[PDB]
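Trainee: Here is how the chains run, residue by residue.
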Amino acid sequence: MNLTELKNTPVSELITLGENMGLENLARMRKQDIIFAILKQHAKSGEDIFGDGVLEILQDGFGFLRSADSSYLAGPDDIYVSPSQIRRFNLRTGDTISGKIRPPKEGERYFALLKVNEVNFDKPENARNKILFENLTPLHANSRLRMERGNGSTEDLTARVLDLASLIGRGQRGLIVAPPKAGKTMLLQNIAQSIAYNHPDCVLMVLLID
Amino acid sequence: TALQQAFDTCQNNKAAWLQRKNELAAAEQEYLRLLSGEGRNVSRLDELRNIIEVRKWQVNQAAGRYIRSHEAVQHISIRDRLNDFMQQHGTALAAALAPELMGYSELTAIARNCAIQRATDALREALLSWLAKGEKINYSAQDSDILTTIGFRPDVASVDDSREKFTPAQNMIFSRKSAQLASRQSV
Ligand SMILES: Nc1ncnc2c1ncn2[C@@H]1O[C@H](COP(=O)(O)OP(=O)(O)OP(O)(O)=S)[C@@H](O)[C@H]1O
Ligand SMILES: [Mg+2]
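Residue numbers (UniProt numbering), protein chains in the order written: chain S, 1 to 210; chain P, 4 to 190.
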C-alpha cells in the first residue's frame, strides 16, 4: 500500500478504514496523526508498505522526506532519511525518492526508508551520474509555448489575447505587473489550463504564497 | 583551369540546392502528415513550422548561390572565347573599326570613351542583323560539354525561388536560426 494513496483519500475515510483496523478514537485529531496511526497499525501486521516524496536536507544531514499534496508540511508522516544513504546515493534537496519504508524503532518517531527503488522517476544509478543544474549553459527561448487552447472555450479569449500580447516560450523569465483586483488569479488559472491542455508533456507547478 | 573550377563549383552549388530542396520537401511532407493526425502536438507543429521557414531560407540561399555561380562560369567562358577570337581576327576587326579606333593610345578620356561607345553600338547593329537573318547558333567546340551540362539558362525551379527579396535584418535572423537549428540537430 502507498502512503501517497492514503494522503490522497479524503478525511472521512478515517471512520471507514481507521476504525475497521481496530483504532479507537481517530475521529478527533489532525489528519497527519490519523495517517500516522493507520500506517503504524498496518505496519504492525507486517506487510510491505511503500513510500515516496520530495527530499529535504537539514543542516547536519538529518534528512527528511515530505509529501507534495500536504504542501511539504512538517508532519509526523514525514519519512526519515539518515546521512548514510544520502552519501551512498549522492542525494540532495529536491530529489524525488520512492521505495520501501521502515517502521520506527524505539527512540524514533519517524518512518525511515529501507531501500529506494526510484529516484527522480529513474533508476538510482542513472540519477547518480547527472550533472548539476548550474553547470548547464543557458540560452534564449527557442520552443514556443502557444497558449491558444483551440477548443473554442468561452474563456479562451484571455489565452488568445495573451498570445497576441506577449509570446511565451520554454525557458522565459516572466513577470505579471498588475494592481490588486485586476485578474491575476484567473489569468494564471487560464495559463495553467492552457499549459495542461496544449502541452501535457511539460511538468506544470503552481506555487502560492500567503 | 579557372573555367573548370567555376564549372565544378556550379555543379556543387546545384547539388547542394537539390539537397536543400530535398529536406525542405521532406519536412513539409512530415509536417502535413502530423497536421493530418488526431494528436494536437502544438509545440511539435510550431517548431516544425519554424523548421519549415529555416529550410525555405536555406533553399533560397542555395538557389541564389547556384544562379550566381552559373552566371559567373558563363561570363568566364564568354570572356575566354571572345578573347581568343580577338587574338584570331582582331586585325580585320580593327580594320573594320579603323575610322574611329585610331589614336586610342594618346586620345583624351572623353574622346576615347565616345569612340568606344560608337564601336559598341555599331557592333550592336551588326550583331542584331546577324541574329535577324537567323541561323542556329552553335556552342563553342572547345568547351561545348562544360557549357552544355550547365545548361543555356539556370533551371526554372531555381529562378522562381529567388523572388522573395529578403531584408538584411531577416537575413541574419534566419542565419542565426539556421545555426541554432543545426546545433539542435547535432544534439
Ligand atoms: N476573463 C474574465 N472573465 C470574467 N470575469 C473576469 C475575468 N477576469 C477577471 N474577471 C473578474 O474580475 C475580478 C478578478 O478577480 P481575481 O482574479 O480573483 O482578482 P485577483 O487578480 O486574484 O486579485 P486579488 O487576489 O483580489 S488582490 C473578478 O470579479 C472576476 O469576476
Ligand atoms: Mg488573487
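Be careful, since some hints might not be right.
Unchecked claim - Taking CB as the label site, the calculated pair distances span:
# : chain 1 : residue 1 : chain 2 : residue 2 : range
1 : P       : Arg179    : S       : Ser84     : 46 to 52 Å
2 : S       : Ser45     : P       : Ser189    : 55 to 61 Å
3 : P       : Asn44     : S       : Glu134    : 29 to 35 Å
Don't read these hints as lab results, they were simulated from the structure. Cβ coordinates follow ideal geometry from the N, Cα and C atoms, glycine included.
Trainee: All hints, please: hold or fail.
Mentor: We went through each hint and held it up to the structure:
no. : hint                             : result
1   : P:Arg179 <-> S:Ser84: 46 to 52 Å : holds (50 Å)
2   : S:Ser45 <-> P:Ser189: 55 to 61 Å : holds (56 Å)
3   : P:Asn44 <-> S:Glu134: 29 to 35 Å : holds (32 Å)
When the structure is compared with the earlier hints, no violation turns up for any of them.
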